[PDB]
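Next up is one chain by itself, shown in structure tokens, the form deposited without its partner chain.
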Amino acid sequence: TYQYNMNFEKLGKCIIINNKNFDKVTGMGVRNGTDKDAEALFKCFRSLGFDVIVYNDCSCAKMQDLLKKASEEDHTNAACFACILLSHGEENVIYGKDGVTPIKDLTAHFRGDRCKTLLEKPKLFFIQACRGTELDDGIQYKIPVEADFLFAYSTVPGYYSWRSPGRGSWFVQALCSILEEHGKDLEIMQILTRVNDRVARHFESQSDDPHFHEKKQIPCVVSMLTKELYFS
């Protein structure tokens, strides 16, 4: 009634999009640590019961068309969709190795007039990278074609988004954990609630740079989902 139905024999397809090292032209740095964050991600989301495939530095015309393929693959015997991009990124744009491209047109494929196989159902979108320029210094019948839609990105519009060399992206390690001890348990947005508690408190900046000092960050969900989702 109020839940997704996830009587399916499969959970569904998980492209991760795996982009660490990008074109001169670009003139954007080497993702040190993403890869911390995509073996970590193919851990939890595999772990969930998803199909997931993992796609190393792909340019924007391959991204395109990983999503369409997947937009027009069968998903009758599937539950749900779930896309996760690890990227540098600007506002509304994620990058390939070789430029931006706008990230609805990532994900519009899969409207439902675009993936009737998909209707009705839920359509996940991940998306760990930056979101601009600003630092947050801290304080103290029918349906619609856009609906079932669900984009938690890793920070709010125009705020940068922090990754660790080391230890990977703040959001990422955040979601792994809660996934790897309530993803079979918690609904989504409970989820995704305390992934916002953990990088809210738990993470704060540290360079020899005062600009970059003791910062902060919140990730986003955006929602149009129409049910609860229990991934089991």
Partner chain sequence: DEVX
Second form
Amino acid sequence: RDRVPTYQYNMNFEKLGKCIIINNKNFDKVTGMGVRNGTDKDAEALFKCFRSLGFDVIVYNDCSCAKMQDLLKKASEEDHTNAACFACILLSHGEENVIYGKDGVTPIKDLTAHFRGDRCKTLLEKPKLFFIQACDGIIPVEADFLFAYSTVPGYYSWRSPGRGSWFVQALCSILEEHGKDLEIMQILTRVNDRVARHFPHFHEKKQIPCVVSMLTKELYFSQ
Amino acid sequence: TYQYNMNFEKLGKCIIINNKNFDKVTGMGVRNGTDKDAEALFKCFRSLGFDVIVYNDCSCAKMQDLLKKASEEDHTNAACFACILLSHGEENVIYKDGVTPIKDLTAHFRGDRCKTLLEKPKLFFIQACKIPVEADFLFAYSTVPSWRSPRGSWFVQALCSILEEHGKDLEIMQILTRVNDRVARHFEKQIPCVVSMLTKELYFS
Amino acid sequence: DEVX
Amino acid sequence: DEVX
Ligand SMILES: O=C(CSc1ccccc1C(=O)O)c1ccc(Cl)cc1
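Output the form deposited with its partner chain bound next; the form deposited without its partner chain has already been displayed.
The next block holds the full complex; its first chain is the one shown before.
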């Protein structure tokens, strides 16, 4: 399709923006959580994808809950005046409304709250992307956020111990081929399709990612 | 290839549930202005080509039955299915006789629960305060986990102007994103929320 | 408006 | 595969 103006997020900025990647692979025994084999591959493929897009990617590893909150709060107090958008990618274990650190569990709503319009004035009216990879078949303060969860609330998200989360693999594939020429929703929709088709109490199963959009404009990674 | 196939004799059915008056046991006030909103929704979704049916002052049971019945119908010659819910509400639950979980109203149209709607978009618009089972659903909620003028709601007024002018030329996500903006701007706040598990681009043409 |  |  086209590229109609007034309806596109203003990308005429000095830099594309920050891209934090939190890569949690090893968890404390007390959590009962296991090594997320394949997550390192997910983080390398993404760092490479978002750098290629024009992001300043920083990759954190085996973070605690205090670390995860602090780094996001600190990231929100930087000056983003010069950035077109912001993006954060969480790779970890999870459960309804919460994501695991290595020491425990913290609600994602508390992590994303740091960037609400009244709490992060330099990102106001700019897109705040959040990608979350964590756990049968057949102006308003919440505008400009967008979440791409790897599965829907309550089901489990799969991950090849040696190929990486399907969501991540698929996303990286789509971004390499079309990241600078498709709008974000078309990309995430294509990712929904990839995950749906291309991938004994745990045998022959499937999974579908969920996209929650509060965006007020179309987001294109170019021009 | 990247759009939902729309080559069908019918666009699809569109159930509009309009709850204005509640039982004194519920303690919800009469929702003034919802009749202006619905009338509009009816003209827009009819313009789009939906077979629209408006049900007034439903109960938890009536709703669960209306949707179970709809899911048990034959959608083979329909492109999609739409359902619009106007009522009072709380987190994860909709409100004349009480409260019903949104998960219950949607489940009926899950893959296995409705083989005749597989691979077709199921749209739910909620205004209030092998292949996978939950894929191809889309929810447009009026606020995040909502204000109404005794002129109609902001969400619905916006949604209707956009659909009137671009329903035939824009993709669903583009439309909904434009609705998100208008609402935000006019807001003089609340921002709608779009949840998409669609696997294709949706054009009503 | 009102509320809801 | 492993889920989370
Ligand atoms: O994804 C979220 C974050 S809510 C939100 C939505 C839009 C904008 C800001 C927020 C914000 O407060 O940061 C969630 C987590 C748990 C529950 Cl119950 C409901 C939503």
